[PDB]
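**Q** Single-letter residue listing:
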Amino acid sequence: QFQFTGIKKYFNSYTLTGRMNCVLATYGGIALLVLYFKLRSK
Amino acid sequence: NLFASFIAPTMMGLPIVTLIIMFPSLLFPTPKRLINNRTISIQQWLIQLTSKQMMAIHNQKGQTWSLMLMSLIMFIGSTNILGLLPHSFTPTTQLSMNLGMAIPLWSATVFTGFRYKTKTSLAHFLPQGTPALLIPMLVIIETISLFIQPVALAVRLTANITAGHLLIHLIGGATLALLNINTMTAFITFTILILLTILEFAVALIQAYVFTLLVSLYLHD
Amino acid sequence: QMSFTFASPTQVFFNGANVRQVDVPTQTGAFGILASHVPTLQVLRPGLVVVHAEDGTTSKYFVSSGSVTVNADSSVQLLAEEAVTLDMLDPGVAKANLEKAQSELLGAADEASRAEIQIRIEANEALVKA
Amino acid sequence: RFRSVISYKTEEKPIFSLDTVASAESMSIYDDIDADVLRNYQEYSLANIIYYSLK
Amino acid sequence: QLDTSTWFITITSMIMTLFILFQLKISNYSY
Amino acid sequence: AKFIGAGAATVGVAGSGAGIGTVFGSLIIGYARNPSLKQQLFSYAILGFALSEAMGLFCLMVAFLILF
Amino acid sequence: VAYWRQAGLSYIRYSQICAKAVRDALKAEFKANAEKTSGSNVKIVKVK
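Protein chains in written order, with the entry's author numbering: chain i, 8 to 49; chain a, 4 to 224; chain H, 37 to 166; chain G, 189 to 243; chain 8, 3 to 33; chain L, 6 to 73; chain I, 1 to 48.
Hints were generated in silico from the structure; no laboratory data involved. The beta-carbon is built from N, C-alpha and C at its ideal position, and this holds for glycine as well. It cannot be assumed that every hint is accurate.
To be verified - In silico BS3-like pairs for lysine-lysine, Cα to Cα no more than 25 Å straight-line: (1) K27 (chain 8) with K64 (chain a); (2) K20 (chain I) with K48 (chain I); (3) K96 (chain H) with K48 (chain I); (4) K96 (chain H) with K36 (chain I); (5) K35 (chain a) with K16 (chain i); (6) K16 (chain i) with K55 (chain a); (7) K43 (chain I) with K136 (chain H); (8) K16 (chain i) with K64 (chain a); (9) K27 (chain 8) with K16 (chain i); (10) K165 (chain H) with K96 (chain H); (11) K20 (chain I) with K131 (chain H); (12) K165 (chain H) with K31 (chain I).
As the list claims (entries may be wrong) - Chain I side only, calculated, beta carbon under 8 Å to chain H, not exhaustive: (13) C18; (14) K36; (15) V42; (16) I44.
As the list claims (entries may be wrong) - Computed footprint of chain 8 on chain i; a stretch qualifies when at least three of its residues, placed anywhere within it, have a C-beta under 8 Å from a C-beta of chain 8: (17) 9-21; (18) 31-39.
Full structure from sequences and hints, please.
**A** See below:
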C-alpha cells in the first residue's frame with residue numbers, strides 16, 4: 008500500500024543479489040522430503 | 004524433562020511462533036519530533052555509536068549495506084536478551100532460522116564478488132605471493148575452507164545458548180535437591196555468579212556474528 | 037674485538053680500549069655485551085656498570101644517566117652525565133637522605149611534585165644497595 | 189671552530205631530531221627500539237650538540 | 003528435539019519480520 | 006572393533022590446531038618489527054602450515070583406512 | 001612509559017634530578033665538584 012514506496016529503492020537497487028533464496032528453499036524442501044520418506048518407512 | 008522448552012514451538016491450539024518472534028519489535032518507537040523523550044534518545048545514540056565503529060572500512064559500495072547490518076545486529080541482540088526471562092522461549096535456539104539466516108547473505112556476497120571482479124575474485128583462492136611449489140596442495144585446502152563458513156556460523160549460535168540454558172537448569176535442580184539434605188548456599192552462589200556471564204555472553208555472540216559477515220563482504224567488495 | 041669509550045663531560049676513562057665484555061644496568065632490564073652483539077640504542081638508569089678487562093680484572097663505576105650505542109661493528113660508545121667511584125662516597129649520608137626522602141612522599145601534595153619525590157627516593161634507594 | 193692560535197673556521201651541523209625522519213629504512217638494523225626510546229635519544233642528542241658548540 | 007521437520011513457519015516469519023519491520027522502523031533516524 | 010578403532014584413531018588430528026595457532030602467532034609478532042620484510046616471512050609461514058595440515062591429513066587417512 | 005613520564009617530567013629533568021642526587025651523596029672532601037658543575041650561570045630573557 009503506502010509502505011512499498013518507502014523502501015522501493017532498496018529492493019530494486021541493491022538486494023538483487025540477496026534475493027536468491029532459492030538455495031535455502033531447495034535445501035529445506037529436500038530435507039523435508041527425506042524426513043517424510045524416513046517417517047513413512049517406519 | 005530437560006529438553007522441554009527447546010522442542011516446544013509455542014505449544015497452543017494454533018501455533019504462535021509468529022507472535023513470539025514478532026514481539027521484540029514493539030520496543031523501538033519511531034522518532035516523530037526534533038526533541039524526544041529519554042527512552043528513544045538513548046536508542047538513537049547507541050545506534051549512532053555502533054554504526055561508526057563497524058561500517059568505517061568499506062569504500063562506497065559497502066556503505067549501502069549499512070541498514071541491513073544494523074537491523075540484523077539489533078534483531079539478534081534483542082532476541083537473545085529477552086530469553087533470560089524465567090519462562091521465555093528463545094527463537095535463536097531453533098536451528099531452522101539460523102540456517103535460514105546464514106545462507107542468503109553468504110550466497111549474496113559470494114556471487115556478488117564474481118559478478119564485478121571475476122578476475123580478482125578467482126585469484127583469492129591462491130594465496131598472494133609465491134607459496135613455494137606446493138600450489139596444487141593448498142588450492143584444494145582453501146576451496147573446501149570456503150564452504151564451511153555458513154555451517155559453523157549457524158552451529159555455534161545453535162549450540163552455545165542451549166549449553167548455557169542446560170547449565171542453568173541443572174544447577175537449579177541441584178540447589179533444589181540439596182535443601183532436604185544438609186544446608187549449602189554455595190549452589191545458589193554459583194547460580195548468581197554464572198548469571199552475570201550468561202547475561203553478558205549474548206552480546207559478544209551478536210558482535211562476532213555481525214563482524215564475520217562484515218569481513219566476508221569487504222573481501223569481495 | 038671491541039672499541040670501548042666510556043667518556044664524561046669532564047674526563048675520559050677509556051678511548052678505543054679493547055675489553056671482552058661490559059655489563060650495563062640500562063632501562064628495561066639489564067644487559068650483556070660480547071663479541072658481535074645485535075645493534076641497540078637504549079638510555080641508562082642509576083646503577084653500577086662493570087667492565088671485564090682482557091686480563092680478567094673487573095673495573096666498576098657508578099652511572100646516573102646517559103646513552104648507550106652499539107654499532108654495526110664492535111664499537112660501543114657509553115656517554116654518561118655522571119661517572120663516580122664508591123671510594124669518595126659516604127653510606128651514612130646516603131641513609132640519612134633516604135630517611136628524609138621517605139617522609140617526603142607523604143609530605144607531597146601534587147602528583148607531579150610527588151613524581152619528582154619518587155625519582156628522588158628511587159635514586160636514593162638505588163645507590164644505598166652498594 | 190678553533191683551528192689554530194691565529195686562525196679559525198666557521199661551520200654548521202645539521203639536526204635530525206624529528207622522530208618521523210629518524211624512522212627510516214637504514215634504522216631497521218637496530219632491533220630493540222620503540223617510539224619512547226627514540227624520543228628520549230633525540231632529547232639527549234640535542235643537549236650534547238649544544239655543549240660541544242659552546243666549548 | 004530441535005529437528006522435527008516443521009521448519010516452514012519459523013523461516014517465513016523470520017524473513018517477514020527481519021526484512022520488513024526492523025528496516026522500516028530503523029530508517030526513520032537522524033544523525 | 007572397526008567402530009572403536011575409528012573412534013580412537015580420529016584423535017590424532019588434535020595437534021594440527023596447536024601448530025597452526027603457533028605459526029600464525031609468530032607471523033603477527035614478526036611482522037611488527039620489520040614490515041619491510043613481509044614478503045619473505047609468509048613463505049616460511051605457509052610452509053609450516055602446510056606441513057602440519059599434511060600430518061593431520063595423514064592421521065585422518067589412517068583413521069579412514071581402519072574404518073574401511 | 002614510566003611513572004616519571006605522563007607526569008609533566010622530561011628525560012632531561014629526570015637526568016638533572018638523578019645527577020643532583022648522586023652528587024649529594026659524595027664525601028664532603030670531594031664536594032668541590034659542585035664548583036665544576038655550576039649549572040646556573042645563564043639567564044633567560046623572553047621576547048616580551
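**Q** Hints first: check each against the structure and report whether it holds.
**A** Evaluation of the provided hints:
1. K27 (chain 8) with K64 (chain a): holds (23 Å)
2. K20 (chain I) with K48 (chain I): violated (32 Å)
3. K96 (chain H) with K48 (chain I): violated (50 Å)
4. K96 (chain H) with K36 (chain I): holds (23 Å)
5. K35 (chain a) with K16 (chain i): holds (23 Å)
6. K16 (chain i) with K55 (chain a): holds (24 Å)
7. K43 (chain I) with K136 (chain H): Answer violated: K43 (chain I) to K136 (chain H) is near 32 Å, above 25 Å.
8. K16 (chain i) with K64 (chain a): holds (15 Å)
9. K27 (chain 8) with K16 (chain i): Roughly 16 Å between the alpha carbons, so the hint for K27 (chain 8) and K16 (chain i) holds.
10. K165 (chain H) with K96 (chain H): With a Cα-Cα distance of about 14 Å, the restraint between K165 (chain H) and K96 (chain H) holds, given a limit of 25 Å.
11. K20 (chain I) with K131 (chain H): It holds: about 16 Å lies between the C-alpha atoms, which stays within 25 Å.
12. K165 (chain H) with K31 (chain I): Cα-Cα ~22 Å, so holds.
13. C18: Given a least distance of 5 Å, the restraint on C18 (chain I) holds.
14. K36: Holds, because the Cβ-Cβ distance from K36 (chain I) to chain H comes to roughly 7 Å (cut-off 8 Å).
15. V42: For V42 (chain I), the interface hint is violated, since the closest Cβ of chain H sits about 16 Å away, which is over 8 Å.
16. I44: violated (21 Å)
17. 9-21: holds (count 4)
18. 31-39: holds (count 4)
Checked against the numbered hints above, the structure breaks hints 2, 3, 7, 15, 16 and satisfies the rest.
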